[PDB]
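K.L.:
If you want the building blocks of each chain, they are given just below.
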Amino acid sequence: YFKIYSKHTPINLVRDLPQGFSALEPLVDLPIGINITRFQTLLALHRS
Amino acid sequence: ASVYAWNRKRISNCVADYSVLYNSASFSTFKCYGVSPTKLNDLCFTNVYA
Amino acid sequence: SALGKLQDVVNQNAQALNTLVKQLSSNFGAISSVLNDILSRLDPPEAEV
Amino acid sequence: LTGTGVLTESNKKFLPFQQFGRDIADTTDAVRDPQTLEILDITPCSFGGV
Ligand SMILES: *[C@@H]1O[C@H](CO)[C@@H](O)[C@H](O)[C@H]1NC(C)=O
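Chains as they are written, first to last, in PDB author numbering: chain A, 200 to 247; chain B, 348 to 397; chain C, 943 to 991; chain D, 546 to 595.
Okay, chain A solo, but in the shape it has when bound:
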């Protein structure tokens, strides 16, 4: 089971992480049953 916990916070800090407390609510409990050892995030390009 692959558990995704998520939280959205309105912030106004310019560069680094804000200092505070925010508990992450569980979002998706996912029934995959597969081996995961490596990951990579996906970004979006802007074309002009």
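Please keep in mind that the hints were generated in silico from the structure rather than gathered at the bench.
Certain hints may be false.
[Said to hold, decoys possible] Every beta carbon over 12 Å from chain C, so not counted as near; a handful from chain B, in silico:
| no. | residue |
| --- | --- |
| 1 | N354 |
| 2 | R355 |
| 3 | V367 |
| 4 | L368 |
| 5 | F374 |
| 6 | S383 |
| 7 | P384 |
| 8 | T385 |
| 9 | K386 |
| 10 | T393 |
| 11 | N394 |
[What the hints assert, rightly or not] Heads up, simulated DSS-like pairs for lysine-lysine below, C-alpha to C-alpha not over 25 Å straight-line:
| no. | chain 1 | residue 1 | chain 2 | residue 2 |
| --- | --- | --- | --- | --- |
| 12 | D | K557 | C | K964 |
| 13 | D | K558 | A | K206 |
| 14 | A | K206 | D | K557 |
| 15 | A | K202 | D | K558 |
| 16 | B | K356 | B | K386 |
| 17 | B | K356 | B | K378 |
[To be verified] The following residues of chain C were derived to be distant from chain B, with all beta-carbon distances above 10 Å:
| no. | residue |
| --- | --- |
| 18 | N955 |
| 19 | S982 |
| 20 | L984 |
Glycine included, each C-beta is placed from N, C-alpha and C at the ideal position.
Got chain A; can you put chains B, C and D with the ligand on it based on the hints?
P.N.:
Relative to the frame of chain A, chains B, C and D with the ligand by itself:
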């Protein structure tokens, strides 16, 4: 499948009648370890794998 | 801390009761700490154990 | 989940993921019923010394 490449199937989002498994005489061995065979119709499960 | 002597007695009694209630959640080497789960999940030969 | 108790209305603001509640003993004290999604408080039945 063969025993080195044994097939694993997930069972989820269904209502299961196990009474047709207990009352069937086709199985030479029907042996349960962590649960009683006759109580399977009275319980709810998740993470079911065959 | 004027009335510490009474408070220690009350805290010790409450803590002993709290530990006694916490002991129900331990399985003591069994498959589960809940009797209802054992009664619903097993036949009497293993249920007695 | 099996047990004995009186099911009453509750004022506990459960979060959407949250289904049941547990006391110090780990016994269920509140539960969310399937099909209707309501939150029912579970209070142990009256007992005492005769
Ligand atoms: C059946 O259960 C689901 C989730 O448990 C719920 O969303 C749905 O409203 C229920 N249907 C009826 C007719 O109660």
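K.L.:
If a hint holds in the structure, say so; if it does not, say that too.
P.N.:
Quick rundown of the hints versus the structure:
1. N354: holds (27 Å)
2. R355: holds (23 Å)
3. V367: holds (20 Å)
4. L368: Since the minimum Cβ distance to chain C is about 16 Å, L368/B lies beyond 12 Å and the statement holds.
5. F374: Given that every Cβ of chain C is farther than 12 Å from that of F374/B, nearest at about 18 Å, it holds.
6. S383: violated (5 Å)
7. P384: Nearest chain C Cβ is 8 Å from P384/B, so the label is violated.
8. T385: Answer for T385/B: violated, closest chain C Cβ roughly 8 Å.
9. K386: With a cut-off of 12 Å, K386/B comes too close to chain C, as the shortest Cβ separation is near 6 Å.
10. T393: holds (15 Å)
11. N394: holds (15 Å)
12. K557/D with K964/C: holds (24 Å)
13. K558/D with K206/A: Holds, because 19 Å separates the two Cα atoms, which is no more than 25 Å.
14. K206/A with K557/D: holds (22 Å)
15. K202/A with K558/D: holds (23 Å)
16. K356/B with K386/B: holds (23 Å)
17. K356/B with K378/B: Holds, at roughly 20 Å.
18. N955: The assertion about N955/C holds, with a minimum of 39 Å to chain B.
19. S982: violated (6 Å)
20. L984: violated (5 Å)
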